[PDB]
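Chain by chain, the residues run as shown.
Number of protein chains: 4
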Amino acid sequence: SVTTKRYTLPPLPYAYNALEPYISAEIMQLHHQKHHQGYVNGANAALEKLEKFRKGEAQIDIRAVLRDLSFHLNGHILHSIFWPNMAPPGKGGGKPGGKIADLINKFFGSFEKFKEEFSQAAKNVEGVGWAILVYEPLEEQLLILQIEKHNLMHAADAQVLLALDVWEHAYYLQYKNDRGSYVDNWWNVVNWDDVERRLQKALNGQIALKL
Amino acid sequence: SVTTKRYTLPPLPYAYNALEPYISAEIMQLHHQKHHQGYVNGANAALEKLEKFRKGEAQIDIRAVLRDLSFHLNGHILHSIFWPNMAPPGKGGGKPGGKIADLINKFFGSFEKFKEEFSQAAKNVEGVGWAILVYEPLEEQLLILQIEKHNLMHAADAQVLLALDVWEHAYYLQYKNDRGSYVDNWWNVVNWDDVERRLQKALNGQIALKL
Amino acid sequence: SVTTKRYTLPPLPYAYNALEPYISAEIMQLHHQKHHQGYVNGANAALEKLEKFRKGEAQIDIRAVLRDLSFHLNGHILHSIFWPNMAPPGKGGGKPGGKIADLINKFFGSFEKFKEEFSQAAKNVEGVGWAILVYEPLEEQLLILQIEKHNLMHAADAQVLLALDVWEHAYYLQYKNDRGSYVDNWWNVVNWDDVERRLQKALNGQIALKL
Amino acid sequence: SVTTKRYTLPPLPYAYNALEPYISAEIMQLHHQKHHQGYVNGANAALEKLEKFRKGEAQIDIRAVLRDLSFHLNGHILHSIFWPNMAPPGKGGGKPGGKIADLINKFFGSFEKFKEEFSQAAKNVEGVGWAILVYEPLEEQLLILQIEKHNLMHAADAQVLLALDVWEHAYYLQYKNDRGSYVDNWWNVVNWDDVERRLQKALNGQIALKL
Ligand SMILES: [Mn+2]
Ligand SMILES: [Mn+2]
Ligand SMILES: [Mn+2]
Ligand SMILES: [Mn+2]
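Those protein sequences? They're chains L, H, R and X, same order as listed.
Residues in the first sequence are numbered consecutively from 1, following my numbering.
Residues in the second sequence are numbered consecutively from 1, following my numbering.
Residues in the third sequence are numbered consecutively from 1, following my numbering.
Residues in the fourth sequence are numbered consecutively from 1, following my numbering.
Keep in mind that the hints were calculated from the coordinates and are not lab data.
Some clues are possibly wrong.
Identical chains share a label here; the pair holds if one copy fits it or two copies do between them.
[Unchecked claim] For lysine to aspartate or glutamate, the following EDC-like pairs were computed, each having C-alpha atoms within a straight-line distance of at most 20 Å: (1) 52 to 116; (2) 115 to 102; (3) 106 to 48; (4) 95 to 196.
All chains should be modelled from the sequences, with the hints used to inform the complete structure.
This is the structure:
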């Protein structure tokens with residue numbers, strides 16, 4: 001018996017227009033319905049090829065399919081964090097509080113310095129990718145990392161707490177080439193409650209999904 | 001107030017010659033004292049630059065330093081797993097048992113198919129890198145991934161259970177260009193108890209470290 | 001005495017709206033005035049850092065600056081080919097003639113199959129990048145390659161004859177996520193005379209950039 | 001009619017032990033007979049898959065195959081330049097003369113400054129790769145570039161004049177982890193005559209191969 005677990009597109013936690021004016025309904029719709037859906041589809045396509053190989057039903061270029069899986073699986077995972085990382089202005093935006101504020105102050109000095117560091121990491125991704133805030137479980141610290149594509153430069157075992165997508169399709173329709181203004185405006189929709197919930201799990205030595 | 005947590009070289013769980021003749025005493029000594037040491041130093045060097053930056057003390061090429069951090073931090077994590085992943089012949093090397101055996105059977109059909117898929121993965125790494133078995137927490141399944149260098153193609157949030165280093169320095173002194181037979185002999189030193197300990201943590205929703 | 005030669009943005013060979021309706025004037029303006037200009041600026045910035053190093057005037061993270069140079073210099077070179085690779089419909093579009101048609105038939109069987117393979121390569125670039133047709137001088141043959149970002153997967157010494165940009169900024173404002181329709185519409189503006197001129201140089205074992 | 005031109009392994013210009021004590025006989029033999037042969041084999045295997053698709057004979061993962069082709073073709077091209085780039089001690093490996101010396105002085109200030117930049121580039125390659133010196137035809141200057149694997153970070157259209165392999169298999173049997181002393185010692189075998197012939201070709205606007 002051989003099984004693979006398949007992936008599905010999660011619904012947004014809010015309406016397509018809920019993050020306006022900071023991210024347009026048009027972007028939200030395309031980004032979720034087309035781009036995120038495509039990564040779910042691609043991940044499942046790679047799994048089907050692997051399962052067929054595991055069954056002894058077909059051959060496989062192992063490198064090619066695992067490269068494909070890594071790309072799409074990561075697109076799916078990062079977007080799945082990205083949506084609840086944001087919230088309509090009110091629930092979204094402003095400064096953090098609770099444990100996340102304290103830990104940000106601890107490792108980065110202040111929220112202002114963290115904001116600068118995270119923004120600069122996002123603005124300076126070469127090509128397409130992400131800025132992420134992770135909890136590194138080995139020495140138990142917050143780190144900012146750049147991710148290229150969806151799958152390059154992750155820290156093994158690390159838990160993603162906050163993710164900012166700087167693929168051109170995350171902003172181009174509204175901001176055009178001005179990724180900087182997009183990054184700066186995105187702070188207005190950060191759902192700190194979600195980031196806090198992720199950090200709480202991470203601090204307890206747990207995987208920070210499925211809140 | 002700014003802090004960063006620094007990394008340290010862990011001792012091997014055994015002697016340098018404990019994995020002989022499957023992997024050389026010379027390789028063990030160089031691999032750990034020189035190669036793994038380098039990654040610790042590299043990670044700490046990156047942290048210093050970030051810490052200095054966070055204090056508004058110096059400037060930074062944030063892309064460069066985060067690239068450096070990603071490479072070296074991953075070097076340090078993967079090797080930190082790699083050593084206890086192995087055990088002296090007898091204690092190490094056999095067929096899996098418990099939950100790891102059953103889940104391997106569930107997703108791959110048999111241990112034989114898994115062993116084939118994992119070996120194909122390790123032998124077909126383009127350039128230097130790793131073959132890894134992860135627990136993927138989103139749909140809760142085992143996956144094999146190829147890693148290039150130390151930091152390319154990880155699955156975000158996923159827990160590393162088993163890792164094989166196929167960087168040339170992991171084998172060349174003993175096996176020369178013959179990576180295939182190095183991968184083949186490595187099975188004889190696999191510590192299935194360690195992998196089981198990591199899988200149980202992952203199943204618990206915990207980080208597969210510290211145990 | 002230390003010198004570096006600096007790069008400059010070439011003017012377009014036609015008006016911004018000359019490729020309508022296949023590529024909008026809005027895209028052409030941003031793509032040239034912002035995106036291409038940025039690569040020129042980035043390549044010159046990396047050179048100034050290298051020049052300061054060569055003067056013994058400043059220290060340098062050599063890996064970082066050389067990665068930066070490679071990215072930007074390639075962005076500049078590929079865009080510099082991209083623009084004259086296209087022409088207003090009439091001069092642009094249709095099927096190739098002369099030596100290019102013959103060599104396409106020799107290596108690909110027909111212009112139909114070539115166009116199929118080139119379009120598929122473009123559509124299937126993972127993340128951002130290019131499809132290119134090159135002359136490979138060592139064994140003297142046409143090859144299609146996928147380029148990721150601007151600088152990943154080029155053939156050393158090979159001459160670029162035809163280049164198609166599939167970075168999202170090349171099409172997103174007009175075609176949104178539908179890269180496939182962008183790729184298909186682009187054939188209508190291909191400047192075959194320019195491709196022929198490049199092939200003519202490459203066939204004599206010449207560098208095929210400046211004619 | 002569909003054709004692909006296939007590749008072949010070139011003989012070394014000298015005996016395996018001809019570069020001792022700087023690069024060992026054992027290394028020269030494995031490096032050429034095993035590693036370089038593998039790249040020739042891989043390039044032809046990829047071309048066979050492409051040829052089969054062009055005839056409409058089989059389906060293809062165009063991204064996978066073109067990735068494979070890029071890696072192995074570049075392996076083959078760079079190793080082909082690598083061997084004649086070197087010569088037995090004395091018989092070639094001191095300081096450059098003629099045009100190569102003049103342009104090195106022009107762009108790097110002096111040979112000593114060039115040597116430092118080239119050495120530093122090679123020593124600071126992350127993972128496996130190359131340091132190369134290229135003639136960049138757009139602004140007609142010399143540049144040093146780092147290459148990762150065989151195919152990452154080349155400059156489109158540029159002509160490779162000098163290549164230094166820093167893949168681990170290029171030095172590990174003799175130098176172990178000490179890549180630095182290998183890079184330092186390689187200068188004793190550089191064939192500046194070969195480099196000069198490549199430069200003159202690039203200056204003529206020719207591809208820097210076949211002589
Ligand atoms: Mn996205
Ligand atoms: Mn290692
Ligand atoms: Mn572009
Ligand atoms: Mn080599």
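Failing hints, ascending? Hints that this structure does not satisfy do not exist here, as all of them hold.
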